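Shown next as C-alpha cells: one chain only, the form deposited in one PDB entry.
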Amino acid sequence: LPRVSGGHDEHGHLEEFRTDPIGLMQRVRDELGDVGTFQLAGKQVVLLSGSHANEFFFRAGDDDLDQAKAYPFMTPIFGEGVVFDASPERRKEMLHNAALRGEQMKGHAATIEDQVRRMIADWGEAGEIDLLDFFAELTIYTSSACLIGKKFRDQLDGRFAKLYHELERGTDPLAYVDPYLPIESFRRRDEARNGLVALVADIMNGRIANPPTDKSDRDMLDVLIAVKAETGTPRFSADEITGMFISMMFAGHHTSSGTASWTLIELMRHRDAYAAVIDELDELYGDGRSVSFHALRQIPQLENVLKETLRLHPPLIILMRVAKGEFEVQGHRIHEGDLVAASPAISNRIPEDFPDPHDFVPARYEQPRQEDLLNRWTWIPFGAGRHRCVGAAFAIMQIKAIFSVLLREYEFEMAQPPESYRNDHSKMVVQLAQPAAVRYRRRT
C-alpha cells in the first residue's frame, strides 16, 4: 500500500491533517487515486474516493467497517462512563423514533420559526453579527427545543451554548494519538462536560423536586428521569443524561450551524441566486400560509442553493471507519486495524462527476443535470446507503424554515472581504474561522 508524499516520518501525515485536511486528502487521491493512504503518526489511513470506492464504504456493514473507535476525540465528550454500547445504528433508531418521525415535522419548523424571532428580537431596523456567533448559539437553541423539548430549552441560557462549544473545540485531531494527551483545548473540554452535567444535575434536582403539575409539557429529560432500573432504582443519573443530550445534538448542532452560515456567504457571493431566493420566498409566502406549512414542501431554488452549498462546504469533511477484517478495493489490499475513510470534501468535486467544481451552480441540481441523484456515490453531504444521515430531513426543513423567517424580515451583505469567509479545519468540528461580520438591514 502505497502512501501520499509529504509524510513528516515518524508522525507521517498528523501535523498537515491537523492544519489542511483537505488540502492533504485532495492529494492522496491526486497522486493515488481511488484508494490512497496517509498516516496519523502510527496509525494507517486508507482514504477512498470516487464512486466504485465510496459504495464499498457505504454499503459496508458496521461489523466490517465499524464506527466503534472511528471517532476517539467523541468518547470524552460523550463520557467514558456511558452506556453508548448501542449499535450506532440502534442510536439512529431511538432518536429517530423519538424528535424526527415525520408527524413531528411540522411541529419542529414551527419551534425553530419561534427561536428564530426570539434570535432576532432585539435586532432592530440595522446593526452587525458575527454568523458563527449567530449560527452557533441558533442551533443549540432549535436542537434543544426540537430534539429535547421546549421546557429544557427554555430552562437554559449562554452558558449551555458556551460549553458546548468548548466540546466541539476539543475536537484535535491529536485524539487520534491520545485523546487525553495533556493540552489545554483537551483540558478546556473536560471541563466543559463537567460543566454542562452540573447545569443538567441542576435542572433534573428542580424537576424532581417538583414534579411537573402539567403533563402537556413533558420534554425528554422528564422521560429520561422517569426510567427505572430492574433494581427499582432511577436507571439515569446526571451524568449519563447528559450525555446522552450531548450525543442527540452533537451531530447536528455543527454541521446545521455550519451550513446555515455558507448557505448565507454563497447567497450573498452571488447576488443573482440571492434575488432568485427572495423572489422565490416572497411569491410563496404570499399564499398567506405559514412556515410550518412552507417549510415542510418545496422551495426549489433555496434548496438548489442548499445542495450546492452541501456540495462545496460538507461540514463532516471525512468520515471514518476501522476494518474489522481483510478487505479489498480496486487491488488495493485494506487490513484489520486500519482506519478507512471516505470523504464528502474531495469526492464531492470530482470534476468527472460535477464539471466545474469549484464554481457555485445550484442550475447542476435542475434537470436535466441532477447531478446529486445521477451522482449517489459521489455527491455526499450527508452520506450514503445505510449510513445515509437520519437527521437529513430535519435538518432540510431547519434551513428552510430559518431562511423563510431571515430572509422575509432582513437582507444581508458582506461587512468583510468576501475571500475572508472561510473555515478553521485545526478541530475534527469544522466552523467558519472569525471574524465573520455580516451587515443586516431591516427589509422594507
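Throughout, rigid core stands for the largest set of C-alpha atoms superposing within 1.5 Å between the two forms. Residue numbers count along the first chain shown, from 1. Compared with the form deposited in another entry:
- With the rigid core aligned between the two forms, only one of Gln298, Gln370, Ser290, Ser237 has a CA shift of 2 Å or more: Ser237.
- Shown in the overlay between the two forms, fitted on the rigid core, is a CA shift at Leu156 smaller than 2 Å.
- Relative to the superposed core, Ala226 shifts its CA atom by 2 Å or more between the two forms.
- In the core-superposed comparison between the two forms, the C-alpha atom of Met204 has shifted by at least 2 angstroms.
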Given for the second form:
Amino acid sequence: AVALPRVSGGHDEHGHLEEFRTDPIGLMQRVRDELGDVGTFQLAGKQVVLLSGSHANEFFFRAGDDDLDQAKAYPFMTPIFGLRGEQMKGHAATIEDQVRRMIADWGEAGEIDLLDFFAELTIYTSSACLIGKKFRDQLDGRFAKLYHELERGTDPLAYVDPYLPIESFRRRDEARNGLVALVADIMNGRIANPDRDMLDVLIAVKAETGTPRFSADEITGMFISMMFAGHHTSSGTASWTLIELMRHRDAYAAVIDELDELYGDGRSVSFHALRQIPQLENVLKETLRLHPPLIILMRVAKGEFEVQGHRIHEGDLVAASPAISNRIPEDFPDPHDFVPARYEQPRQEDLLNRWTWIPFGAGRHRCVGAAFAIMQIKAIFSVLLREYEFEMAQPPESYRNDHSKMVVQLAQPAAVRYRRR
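Could you give the coordinates for the form deposited in another entry, as opposed to the form deposited in one PDB entry above?
Only one chain is given; partner chains and other molecules are left out.
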C-alpha cells in the first residue's frame, strides 16, 4: 500500500543501519532536510518513523504507553539488565563528598582525561545516592571499568540481534559477569565483617524455603538498572559542561564570579546546589541543547495514528530526536552557536519551545531525574571550579563524541589540565 517518505541512501545490507552506526546525527538531519517533520529510514528490518518539529514532537511526547510504547524499543538493554525533594539536600552533600574524594589526590597541578574522570565520578555519585554510601565505599575503579564495557555494548546492531558474535557484545557479557562477581564479593565481605543500605535490604529477603531469595546475579541486574539512566547521561553532561566553559572563557569567568559571590554567604554546597546559580544553569541548558546525551528516543506504535497526513501503524518504530530538534533554526536563533543568554528571562528559549527544547524530553515522559541531574552538575562544579582552574590540553575543536553506540560517549583524547586556584 502507501509508503511513507524515505530518506536517501541506505543501500547497504541493513539499509541505513551502517550509517546510523557511524553518523546517526547526520542521517537524522538528512531525514528532516529531505522529507520534513515526518520521514523514515531503515534500521535493518525495521522502519523508523522519525518525527521532528513542534507539531510532530507534540504528538510523540503527549502520547501515553497506550499509543506509543517504549517497552521493546531498546533491544540492546535486555542483555545488560539480564528521588524525593526532601532527600535532595542529602544527595547534594553526598555528591560534594564524592567529588572531593575523587580530587583528593590531584595535588597542585596535573592532567586528566574527561571520559575517565567523569565516568568514574558518576559511578560513585550514582551508587552512593541510589544504593547507599555503604555500598559505594565497597566499590573502586574496577566497577566503573566494567560498567563502561556494558555501555560500550550498545551497538545499534542490537536491532538485528542483541546476541551476535561480535567483540563488543562479547565484552558486554563478560563485563556483566564481572559485575556479578564484584557484587558477590561485597555480599560475602559483609558476612565476615558486619548505616544499612539497599543491598542489606535485598540480602535479608528469604525465599519460601528459608533460603536467600535473591542471588548476586539478580541483585546485580537491579543495581545496573537503577544506575543506567543517570550514569552515561550525567557523565557526558558533566564533561561537555566543562568543555563548553573552557571553550567560552567569558562564560567561565562569569560562572566563577557567581560561585564566589554566592558561597560568600557561608552556606554549604547542599544549600546552594538546590538554589539558583544563574550563569552555570544557563551554560548547562545550552550544553544540553547542543550535546543532548540521548540523541534519539524510540517507541513502538500500538495503534494507527496520523501525523500531517502520514499514517503510522501498529508495530512501527517511532522516534523523536533531541539532537535534531534542539537545533531547529526557526525555534533557536543561530542553533549551532553557544549562547547561554538564550535562557535568560527575556528569551527563555527552553520554556518557549516546549516541544523542541527536548534534552530532557517533554510531556508525559519528561525526565523525572532532571532535578537530580541539574543539582548534581551544580554540586560538582561548585566544588571543581572553586578548587581548581581548568585549561584545554588539546585544540578546542578536537573534543567530540563517539556516536558508534546507542550510548553516546566522549571520544578520546579529551585531555584537560588543572592547577589549584
